[PDB]
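Asks: Single-letter residue listing:
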Amino acid sequence: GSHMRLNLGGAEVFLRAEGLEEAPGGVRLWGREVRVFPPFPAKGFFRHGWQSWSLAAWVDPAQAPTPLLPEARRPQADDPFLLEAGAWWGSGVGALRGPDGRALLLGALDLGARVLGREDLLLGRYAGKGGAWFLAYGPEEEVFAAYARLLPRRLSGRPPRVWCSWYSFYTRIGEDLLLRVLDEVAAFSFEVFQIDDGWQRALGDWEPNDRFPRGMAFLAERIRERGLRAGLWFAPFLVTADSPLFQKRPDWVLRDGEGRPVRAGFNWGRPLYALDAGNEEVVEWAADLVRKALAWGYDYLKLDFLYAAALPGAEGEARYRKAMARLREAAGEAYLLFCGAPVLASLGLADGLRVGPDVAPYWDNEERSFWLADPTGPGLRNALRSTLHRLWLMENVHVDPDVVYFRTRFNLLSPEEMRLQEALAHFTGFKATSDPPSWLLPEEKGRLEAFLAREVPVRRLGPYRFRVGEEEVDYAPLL
Amino acid sequence: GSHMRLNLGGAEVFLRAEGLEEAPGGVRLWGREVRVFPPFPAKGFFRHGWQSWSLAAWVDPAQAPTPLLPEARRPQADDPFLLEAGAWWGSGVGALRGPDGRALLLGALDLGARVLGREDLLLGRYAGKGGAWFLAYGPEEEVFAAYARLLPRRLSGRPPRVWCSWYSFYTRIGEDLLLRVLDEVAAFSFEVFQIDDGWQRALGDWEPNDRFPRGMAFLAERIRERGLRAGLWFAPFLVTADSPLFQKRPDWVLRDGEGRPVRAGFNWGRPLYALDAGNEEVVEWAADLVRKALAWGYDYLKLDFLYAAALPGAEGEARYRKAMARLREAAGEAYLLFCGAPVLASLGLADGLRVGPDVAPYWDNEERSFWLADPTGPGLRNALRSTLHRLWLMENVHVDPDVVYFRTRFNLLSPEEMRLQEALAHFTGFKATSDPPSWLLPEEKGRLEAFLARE
Amino acid sequence: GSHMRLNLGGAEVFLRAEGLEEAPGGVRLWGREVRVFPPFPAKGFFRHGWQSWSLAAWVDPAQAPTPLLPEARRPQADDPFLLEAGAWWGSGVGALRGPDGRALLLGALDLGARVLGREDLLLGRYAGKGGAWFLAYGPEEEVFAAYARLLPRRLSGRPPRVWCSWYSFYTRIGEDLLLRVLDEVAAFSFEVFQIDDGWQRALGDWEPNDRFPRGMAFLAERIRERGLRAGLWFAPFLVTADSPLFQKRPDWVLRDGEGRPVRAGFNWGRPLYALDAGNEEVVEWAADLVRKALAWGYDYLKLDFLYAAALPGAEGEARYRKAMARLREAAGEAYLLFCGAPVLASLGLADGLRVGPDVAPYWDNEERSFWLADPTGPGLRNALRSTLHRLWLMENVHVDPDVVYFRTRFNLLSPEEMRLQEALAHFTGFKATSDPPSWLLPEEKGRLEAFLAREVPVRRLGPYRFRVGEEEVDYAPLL
Amino acid sequence: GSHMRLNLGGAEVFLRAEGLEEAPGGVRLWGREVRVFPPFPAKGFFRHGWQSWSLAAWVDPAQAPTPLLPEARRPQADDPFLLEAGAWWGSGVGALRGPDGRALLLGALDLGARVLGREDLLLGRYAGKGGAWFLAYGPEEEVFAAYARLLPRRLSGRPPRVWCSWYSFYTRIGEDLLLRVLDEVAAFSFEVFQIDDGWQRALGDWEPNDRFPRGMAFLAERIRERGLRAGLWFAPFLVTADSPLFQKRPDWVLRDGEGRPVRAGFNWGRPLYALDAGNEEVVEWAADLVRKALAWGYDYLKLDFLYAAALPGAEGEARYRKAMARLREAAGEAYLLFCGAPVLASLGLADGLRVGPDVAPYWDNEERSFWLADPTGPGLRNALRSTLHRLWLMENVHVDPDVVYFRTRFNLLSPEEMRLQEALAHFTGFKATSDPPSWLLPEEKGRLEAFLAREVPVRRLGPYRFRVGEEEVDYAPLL
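Residue numbers (my numbering), protein chains in the order written: chain H, 10 to 488; chain F, -7 to 447; chain X, 10 to 488; chain L, 10 to 488.
Excised from the complex, chain H in its bound form:
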């Protein structure tokens, strides 16, 4: 569109958009594509990945991105377009960093956008119909804070204290086992007892397996009899080729223009497919999952693999938001923890939102992280990296940095490394763990409780420097 000149944060910035109007802390550009030219040599670019597990960090715009591997796992790692492209594209928001500690930020305000990042240019482009942009230049923290002030929010009190069943037992869970654990956990200041993956029969067959013989509403009663809330995990729009649902209703599978199932990734040793979140019949089925779980007595719901409803990328954020609004509507005042979800497109609908790859009982799997060049895999390092770069969302949602480890048994993490993840739990206020109390030594059990029972004050000193209580925590070396 039109060429335009601006005095943005005491600097002359040149842009092309079809419109412009003042806005709190910067300006509001319009147009289906807009280009912004930084008044400086750009030292770096804020590459924002599409979903929870995707990569969010500052990168070098000059050097080329590396292909992620295997190709089987690209749809569950990021917006497939951002991986496939040979330039540095980002989802929703991008930013260029001047040699002065200050950022030129271009952020969308509508669904379906991506932002290209060159050393000389910030290029915003909407996949579908055009929309609005927020542009701003200034200190790194202020512009991301000014941007987030223009996005939906659903801050609904403090974020609960959760015992998750995953980062211990993984899928190896059962009704007798979790009741034995529930008794241990009830002795601590938790607020939710959330059963994770493992209770269901298959993806799309969201009923209890034969390890949960008395049913899931029995388990939610035994949890509430302890003073706790009952939490449950779903992957609503995910299905595999061996699910009953995939074979009973083949018209519910998201398929491409040639009637082939859209590939959603590779997990549990088999290829993953999605359910079409544009099919109104399907969206009603997913909503009745929410009501069903609510009827069982569960007021905490971890909705997982949500990128499936948004495949294949920004294009699908349109259908994603509609479908998630119906789930949100069905949940009522229950708590929805979004996981593996398009980060920006879930604001306003999620009560709590995962902002990083899964933590793991180890610092980094070098073979996945380096040789396969896949920073979306589980690992404390890959968790922390995207999470520090999504903390500015704390004023729009509850930011889950994932579970905190206190155990040293069945866990390769070192104490100092565990404390790095613990500190983000204090900064975000999202305090969760999976450590069964049995696996905790006497000293570790006291630490778990002092973590749940106290509210530690925390001040942010810079991008990667924090003061929690009276200890100072730096994250600069990890990047």
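Incorrect hints may have been included.
[What the hints assert, rightly or not] In the DSSO-like style, the derived pairs of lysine-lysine whose C-alpha atoms are separated by at most 27 Å in a straight line are: (1) X:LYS301 / X:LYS331; (2) H:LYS301 / H:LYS257; (3) F:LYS121 / H:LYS138; (4) X:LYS454 / F:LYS437; (5) H:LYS257 / F:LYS240; (6) L:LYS331 / L:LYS301; (7) L:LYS454 / H:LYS454; (8) F:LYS314 / F:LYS284; (9) L:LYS257 / L:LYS331; (10) X:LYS257 / X:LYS301; (11) L:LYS138 / L:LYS301; (12) L:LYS138 / X:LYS138; (13) X:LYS257 / X:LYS331; (14) L:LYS257 / L:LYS301; (15) F:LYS314 / F:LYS240; (16) F:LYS284 / F:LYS240; (17) H:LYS331 / H:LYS301; (18) L:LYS52 / X:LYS257.
It should be emphasised that the hints constitute simulated quantities derived from the structure, not laboratory data.
For chain H, the structure is supplied; the task is to place chains F, X and L on it using the hints.
Replies: Frame of chain H, contents of chains F, X and L only:
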């Protein structure tokens, strides 16, 4: 379009189409694209080829289709899209066969459609504007029968009895030769004496050559003086680069977006090009060929390589049907046999339609059928395979299974094999041969005559 | 080796050999590799294929040779080297023809040679042990007769008059069918009633199948009861994956330097493998098939696919010659017709030698001859082309042009076409047919008996022009 | 060579060799290449990897091997030829398995051999000059036992009980730390206190770093003052491009025919190179490493990355054996634990020999083991798999299955999985651990001591079934 649920022939069929309504034998869908999901694990896909010579058979949708060779011959084998696509695509109609022997059938009701067969769905896509579909589940013969009822129809009584020149003399015909054969053919109970390829000077130069010195209208007179009807053969829209027409009116050649003549195959040792059947000057020139052949005294016309008027495939069936509707009316009540033609797109216009590759004096050319992976080449085996899967059209047109062999001289077919082709001629009722009576043994002369009487 | 100049045919010829000495009709060179330069521009090269079905014909050394397809059939087409190469290589003998109609010939006197033709030289090269060469310059028919004189010979009288079962019934033969055909064939002046392919259980299972219930010795006795010698067909060194012999004796299979079966073609719809003709155990198993047949009453034997024992080409001709030596001893005075055999390497061992591809009941399969560029397939033109360029071998073996057709039932050949083959059978003296008398019209049976019973005198006027009786026959149009 | 027929274990076996003579339990074939034909359809092939960490298992000869990845790590995974080749090649010994629980075994008796394995063939081939073979057919255990009875042995009493410093502290070791640990360990029935990688300054600079300030002979004195022997780790012939040795003496680097350093792999984040074990100067330098360590008071020596002296494969086993004999000669009666060493080529020289990949505090790294297709990486599974397939070496050397885990802290292995590795320690008698006693809970400390103090009886019930004490252990599911 919207997602619909259907109880069709006792099964729960899920489909996606813009519109749905009741039809005889099943239901009728609307939409430029429609997707139907089989209520079973599909055991096979009915791949229906485009034109006369194309393959029509049940295939295994799991196995990837073999590329057809050589690439020069693809436009005269099939819809060139179906041969580039690495999935199983058919023309106009597709069906899936359940493990109970029944079939789920998706068939187009307007021009220019294709059907994709996987084991988990039938996808029908219109190349042009949207259109109607017929969907049905039942016995394999009844759903196809019920599909055929909803297509165009043109049944001109008993299909006539023809003597064709091609499958004995090929292009080595001439006036004095065919006068000598006429005299012996006239002793048998034929109805048409049809002259095939060999009388013309060039493709698009449809005037008699020097082996027919007295001309084509003279030869029509001599045929009618024996109580036979005169037949003549044309390839209206075909042309080679050495054709006078190719050089004198190059605006009549079908050209792609960059001005290059569209490739239409490789026959008679040369590359083949088409005339633009969208150019009303060409259709008129073609319609005048029909007029001239009636003028000469021919009232039976074999119109060949008709896929040329329908290039590049489904996308051309509009221009094709329109150009053929002109010839169909310049022919008046003359008999038109369509050959190498879009099968379903010809219905209602042709009196007779070839539904299989050429028969040949041999069972199968393994070098073309196997190593070149070309089932459209001549061969009694290739001819029977497509013909058998197109018999359901007998309610719409005269299904021509090609000529029947009675000779054993100059013919490698076994006696048992011949009886197959003869049997199909009885069933369709289209009785034609190409054998000079002088080549027949006394016993074969009797068998030919016993075959031409109709009972 | 040494550079040499000599005068030859009134021309000055330059050559490069280790030794030279005089000889009848030219000179004799010695050398593992010899080079000969024509003193003229070369208009044509004499490409000479390796085995019976291989192409022998004059070619333009300029144009590159076309790759023969499918690759699977190349070991049953020629020497696999000649086909993989991008120059014009021939087996054992080459020639260049100057614009004057004369020809410069270079021909091995030893095993395992190839000759290379450029417009400017003839290059001979022995694969194994270096050997002698014959170099001549003169009229085209002269040089070849001179060369034939310097090769092995084995003329066993007049070549017989054979009834071959192949080119009518193919593999559809059986004891009861052939017994009835025998009855009628015995009225004509035949000398051999040869049974072709179809009588055996499998390759390397050379024992009657269920279509010959009374055993092969019965048939042979009924054949001589009718005044006829009995002929049987064998592919001794040929075997398939599904042969019993292939699984029972894997040490008998010819394997390459890395333990893998050497591929020997593709026929009967299944890949073909060879037996190791340099294993005494195999060559003895083979000579016992000769013994077994002779014991059965047959003294005419058609030994087929004999290239299998000489794979992979020139290099194998040393094994081949020494194994065929054994079967020759084992046969005594019986008639051995070599088929698909290395042409030059069989001279002196074979009684009759097939020199072209199969005649067929048609002129040319354009799909195999042209699109696949395979001039070794059945077809009268392909048969005629090589046989005309191998007639100089009449000094050394009974030259077999394959069967003569007289029937018009079950035969696409024209009458003028069949007379071209019939003329060559007169010229070579090898008179055979497959026509069952049932299939012959009266006028046809008459011609067949005149063909057998008369000795039509025939003369040669040029390379492709003959005079059979008083009719002149010219084969130039096919070339 | 010659074709030969044999009655081997009540079966007729056909072979090609240049010689044959009877031998205990089978026969002794000769020849630089020999081929053996199994009297049955081969159901599987024993693929024996070259060195300690390489893969040793039964595989399907039909299916193709998969390329290992990254290519950077091929020289430290196996004989590079065995990886590069597209057939199933093995080092030294190979075997085909009949559908009857019995094996046709072809094993070399001289250095530098490889064995190809087809479904129809066992092909032995020497890289250099020819040599002797052992061939035998019979029960799986008997033929491998008969084979090993023909190879060098150096069984020198019971294998020591070792505290290794690696599988805890890895390189993070120091003099103050290990003295604090030495005090804990001395309370248990160990026999050797072995310091692992971490004490040196660089590869090739085999002197203590600044974390070992009082020197290594001080550490060996403090160890012996506890009643223990002092163990030390070297990687004698390994060097990196930043070592002083690599730059002070570039003529000691093993280089190819174009004077480029031979690549030895990728570890410690940098490319690895070898020292030329054919250089007599270098071999004397490595021997003075042995004497130096002996002079410091160390009578236990873990010699590591030994494949470097044998690069690039079988070809280099010639120089390897010479160089290792000089080290062996220098060590005297000290204990040499060979690690990462050519398995067969070290028999007779090693007192103890690693037979598998490193164990790890986890079952399997799927990303390295599957996507990179590299079964040489650390992991309990990949350790156990090659180790079960090299136990038949127990009568030639001490077979180290690597360290045994007793801790649950800083360790992801489950108890049942730990016990699988523990049982092989009882079967082999090589009892070692790295668990610092601090990291052990009271109950685990008792288990460590009962493991060192008792000698559990163990009987082998089948290939992967053992009875240790009175518990039965099956390994069939792991493969």
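Asks: Each hint: holds or not?
Replies: So, going through the hints one by one against the coordinates:
no.	hint	verdict
1	X:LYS301 / X:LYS331	holds, 20 Å
2	H:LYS301 / H:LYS257	holds, 20 Å
3	F:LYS121 / H:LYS138	holds, 25 Å
4	X:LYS454 / F:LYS437	holds, 22 Å
5	H:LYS257 / F:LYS240	violated, 63 Å
6	L:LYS331 / L:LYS301	holds, 20 Å
7	L:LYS454 / H:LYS454	holds, 22 Å
8	F:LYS314 / F:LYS284	holds, 20 Å
9	L:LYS257 / L:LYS331	holds, 25 Å
10	X:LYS257 / X:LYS301	holds, 20 Å
11	L:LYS138 / L:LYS301	violated, 36 Å
12	L:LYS138 / X:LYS138	holds, 26 Å
13	X:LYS257 / X:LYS331	holds, 25 Å
14	L:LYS257 / L:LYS301	holds, 20 Å
15	F:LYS314 / F:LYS240	holds, 25 Å
16	F:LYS284 / F:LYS240	holds, 21 Å
17	H:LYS331 / H:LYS301	holds, 20 Å
18	L:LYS52 / X:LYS257	holds, 16 Å
When each numbered hint is compared with the structure, violations occur for hints 5, 11.
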